Amino acid sequence: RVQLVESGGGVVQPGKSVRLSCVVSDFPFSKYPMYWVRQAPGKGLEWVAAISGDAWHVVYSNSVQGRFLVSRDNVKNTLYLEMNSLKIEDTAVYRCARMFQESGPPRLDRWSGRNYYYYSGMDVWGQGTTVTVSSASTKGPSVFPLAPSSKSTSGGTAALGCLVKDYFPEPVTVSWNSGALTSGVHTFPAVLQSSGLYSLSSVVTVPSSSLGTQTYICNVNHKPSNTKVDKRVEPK
Amino acid sequence: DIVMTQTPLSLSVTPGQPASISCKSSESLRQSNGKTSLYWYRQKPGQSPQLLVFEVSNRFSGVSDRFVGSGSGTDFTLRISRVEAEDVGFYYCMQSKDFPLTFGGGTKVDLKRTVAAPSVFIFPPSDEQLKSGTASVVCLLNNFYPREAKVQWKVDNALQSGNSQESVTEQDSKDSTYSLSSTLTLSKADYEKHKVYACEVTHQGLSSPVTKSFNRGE
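Heads up: the sequence lines are chains H and Z, in that order. The numbering of the first sequence is this note's numbering, which starts it at 1 and goes up by one. The numbering of the second sequence is this note's numbering, which starts it at 237 and goes up by one.
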């Protein structure tokens, strides 16, 4: 029943600031050191910051030191990450995590086993909150057909699709024929282009004999630009 | 920093079969208190990481004894004695001996199946796009296994660099295959400069690399 819930993520211009929160439940918060760890799109985990149970000791990764500030409120059982001077490379899902065991302030007295705060591995992680740092402006996608042809047909099966190009920010949703057609559909992960705009493709394979007897429409929804496109894909 | 070197980078497993992932640290993770600060996490697609094993060899509550962690100093292993199909995903080691906390590069575990060659399709840019001033050419590799594939673009036989991007679907839950899309992007002016657009595909399911191509305007 231990749970961590992050919030505060969003789309941010480089150089600007954002504050993340992590509200926790079902454990004595002040007894636990807490962590922030991030995960860039398609990448591994990267530790960002740590704070002792009593908030007297903090540590940062080299990549964020001087830009981020970790703090906690032991009255409200909330952990914070203030993210300043944001860079594009800060784009990531940010997760709160709890040290797997309690650990308190050092005893510089009555023993000498450690004169520093002790940190160990995390057990529970939150679902995370996404921070996307970009100079891009909101932009609706262009939806281009990937037309079926001889170059996409073999043995009575044709491939066709849509290219959902040049949009910002994520996400877009794509379906075929109002979501009724899912068999043979592959919708690929979006890629971020050098322009700073995303692009993604969705394809489907169907009988080539059906190209004249069946309508294939890709339904594209990009909520941030309020764009809804229903693109009919036909042989050229 | 303590650097974590995790191997292998990818592992295809047969269900019911054992599996081993290794982690080497750039220095000893043994602490003064006698514990060794090495942790194993798993992350399924779309999910947050979950702790499997703490301090080298201790299973986190709820984790079955299929998972066995071993090692000391700089050398560690996580073994799955029998592999079930639900174990697919990314596994990461982590150390907390010193700051920064550091993770291994990860191991992607997928399900092994028989080799399946990709069906390869090519798509010229639409007239609509050309009107806007850019041309995207798309190559689709459909339903293949294993994941390892090489896709290169040739334009009038000239190898393309720096103007393509690809992405790949998650392993299919029904047939265990992958699909991949590669997009070559050029300005309209550049697209109009050349004639033949070709996608060259190398995959172990294919006896020789396959090339799909078209002539611009046809």
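Just so you know, the hints here were simulated from the structure itself, not pulled from any lab data. Some hints could be false.
[Stated by the list, open to error] Over 10 Å on every C-beta distance to chain H, these chain Z residues come out as not near it, computed from the model: (1) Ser284; (2) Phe296; (3) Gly307; (4) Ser308; (5) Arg315; (6) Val319; (7) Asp363; (8) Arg383; (9) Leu395; (10) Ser423; (11) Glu428.
[Claimed, not checked] Here are some of the chain Z residues that sit facing chain H, going by a computed Cβ distance under 10 Å: (12) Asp237; (13) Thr241; (14) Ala255; (15) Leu287; (16) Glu291; (17) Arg295; (18) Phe359; (19) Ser417.
Cβ coordinates follow ideal geometry from the N, Cα and C atoms, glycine included.
Holds or violated: is the Cβ of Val319/Z farther than 10 Å from all Cβ atoms of chain H? Correct as stated: the minimum Cβ-Cβ distance to chain H is 22 Å, above 10 Å.
Say whether it holds or is violated: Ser284/Z keeps its Cβ farther than 10 Å from all Cβ of chain H. violated (4 Å)
Verify that the Cβ of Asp363/Z lies farther than 10 Å from every Cβ atom of chain H, and report whether the claim holds or is violated. violated (8 Å)
Taking the closest pair, is the beta carbon of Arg315/Z still more than 10 Å from chain H? Its Cβ never comes within 10 Å of chain H, the nearest being 19 Å, so this holds.
Against chain H, does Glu428/Z keep a CB gap of more than 10 Å to every residue? At about 17 Å from chain H, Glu428/Z clears the 10 Å cut-off, so the statement holds.
Confirm or reject the statement that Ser423/Z sits farther than 10 Å, beta carbon to beta carbon, from all of chain H. holds (12 Å)
When the least beta-carbon distance from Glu291/Z to chain H is tested against 10 Å, hint result: holds (7 Å)
Verify that the Cβ of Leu395/Z lies farther than 10 Å from every Cβ atom of chain H, and report whether the claim holds or is violated. holds (19 Å)
If I take the minimum Cβ distance from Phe296/Z to any residue of chain H, is it greater than 10 Å? violated (7 Å)
Let me know if the C-beta of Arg295/Z comes in closer than 10 Å to any C-beta of chain H, holds or violated. The hint is violated - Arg295/Z has no Cβ within 10 Å of chain H, the shortest such distance being about 12 Å.
The hint names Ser417/Z as touching chain H; please verify it with the least Cβ-Cβ distance against 10 Å. holds (5 Å)
Does the interface hint hold: is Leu287/Z within less than 10 Å of chain H, judged Cβ to Cβ? At 5 Å from the nearest chain H Cβ, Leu287/Z passes the 10 Å test, so the hint holds.
Hints 1, 2, 7, 13, 14, 17 from the earlier list are contradicted by this structure; the remaining hints agree with it.
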